[PDB]
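To keep things clear, I will list the structure first and then write my remarks on it.
Every protein chain but one is kept in place in this view of the complex.
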Amino acid sequence: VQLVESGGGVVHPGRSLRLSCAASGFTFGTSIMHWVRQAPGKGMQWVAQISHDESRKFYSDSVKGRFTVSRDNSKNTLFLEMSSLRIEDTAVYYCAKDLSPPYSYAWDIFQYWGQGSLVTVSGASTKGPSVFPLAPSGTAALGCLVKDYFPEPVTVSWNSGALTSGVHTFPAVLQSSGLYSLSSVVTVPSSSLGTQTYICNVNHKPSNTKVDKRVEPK
Amino acid sequence: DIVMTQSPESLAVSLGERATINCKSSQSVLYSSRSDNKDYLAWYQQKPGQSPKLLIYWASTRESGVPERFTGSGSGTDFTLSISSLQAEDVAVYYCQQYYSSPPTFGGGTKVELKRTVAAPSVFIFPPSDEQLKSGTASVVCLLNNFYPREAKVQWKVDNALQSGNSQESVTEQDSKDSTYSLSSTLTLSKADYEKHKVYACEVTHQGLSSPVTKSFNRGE
Partner (left out) sequence: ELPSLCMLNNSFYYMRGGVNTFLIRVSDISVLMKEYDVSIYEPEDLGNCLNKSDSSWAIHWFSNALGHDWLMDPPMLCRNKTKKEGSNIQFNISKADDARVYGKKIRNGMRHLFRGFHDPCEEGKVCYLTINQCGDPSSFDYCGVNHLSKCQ
């Protein structure tokens, strides 16, 4: 059995996006399908339902008329056409199979789920990060501040992947600006500070930034 | 419509002990008579990133392959998910769900972590970089490294005046090996204001510390 969601990235408020779910391991053409979203927070919310033949499609009141559920049984694929997107639609969209037997009314029991696809709606355009060092002053702490970037994510490695132990990369914090700020740190022995060269290698693919900054002691 | 509320927000139990999540519905989800009494309630396990899985349905029936340590229980309005003997693998978020009325609704879910011995945080302060100071902004950072429990108080102090609203916190997920947390506290100030003050301090209050710990610097340096 397999459900693999595809599509979904970052969109500007008001634009459109299309999500697809590839299904295998069951009789797709006979089972009822669903779209359930998980907003950054905790809440798991139902979005849409579709019958084996598309005759009966039902939407949650939040999305009703903006979204459109469709399916292609020949390709065993489920679709959600999302238009007139809003910030409130920011969520991980999971595609799920209803436990309801063939031609039976929807049981609202979600037997199988896919890994989910992230959909981010924000008016913030793509911006590269500014990387400043967190200069050290029997163990010492070194770091990198990765301030003002969009969208997520950013990848931090130390000494180009050589430095691994005691690396703590904190989750991104969204600022008032609508831009993300992230911090990365590493604990190193005090004795090595004079000898060893410490460089964090920051990588933000959407803005195509690659930086690598050396952290020099005070 | 139906509101599922789950409690407690996150719990931590030692390896092997019993875990107990509570779920409460705003309206009964029980259908009775014939002979049959069914409870239209389901339980789900969601580990990080991974596909959420169906555990229990009919509030007590185990989905094929779910180990017997998972016990679904309750009736009408109050439900409980019990993990008889917690395993490292069982660390996840658990959601309860109602399917008695349309639309189907879910809980906020409990997060299940491991309960370990107290671990004091190691405290570190960092002044804003000159690189950033020429940029027109200033960022003072405070690190609390490898500690347990997650609960700790970070207070920022600029020239002995306490700071509020101007700071932001970030916390790592419980570590895979030692199951400790780490915390980042970022005090964000205008270049202007930063240059007008001298003492910058960060005060940590934790279970593992005998007394509050203070990490501070002067602007003069």
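Observations
By written order: A and B. Residues from 1 in each chain.
As a working rule, a residue touches a chain if its C-beta (ideal position, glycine included) is under 8 Å from a C-beta of that chain, and two chains touch if they have at least 3 such contacts.
When the omitted chain is restored, the residue from B:102, B:207 or B:214 that touches it is B:102. When the full complex is taken into account, the listed residue touching the unshown chain is B:34, out of B:34, B:134, B:153 or B:177. Although one chain is not drawn, the whole complex shows that of A:92, A:106 or A:172 it is A:106 that touches it. Interface residues of chain B with the unshown chain, by the touch rule above, are 31, 33-34, 36, 100-103. Against the chain not displayed here, chain A makes contact via residues 56, 58, 100-101, 103-107.
Just so we're on the same page, only the chains that are shown with their structure count from here on.
Averaged C-alpha coordinates put the centre of chain A at 19 Å from the centre of chain B.
Within the complex formed with chain B, the chain A residues making contact are 3, 42-46, 58, 60, 94, 99, 107-116, 130, 132-135, 137, 139, 141, 143, 145, 147, 168, 170-173, 175, 181-183, 185, 187, 218.
The part of chain B that touches chain A in the complex is made up of residues 42, 44, 49-54, 57, 63, 93, 95, 97, 99, 102-109, 122, 124-129, 131-132, 135, 139, 141, 143, 145, 168-172, 182, 184, 186, 217, 221.
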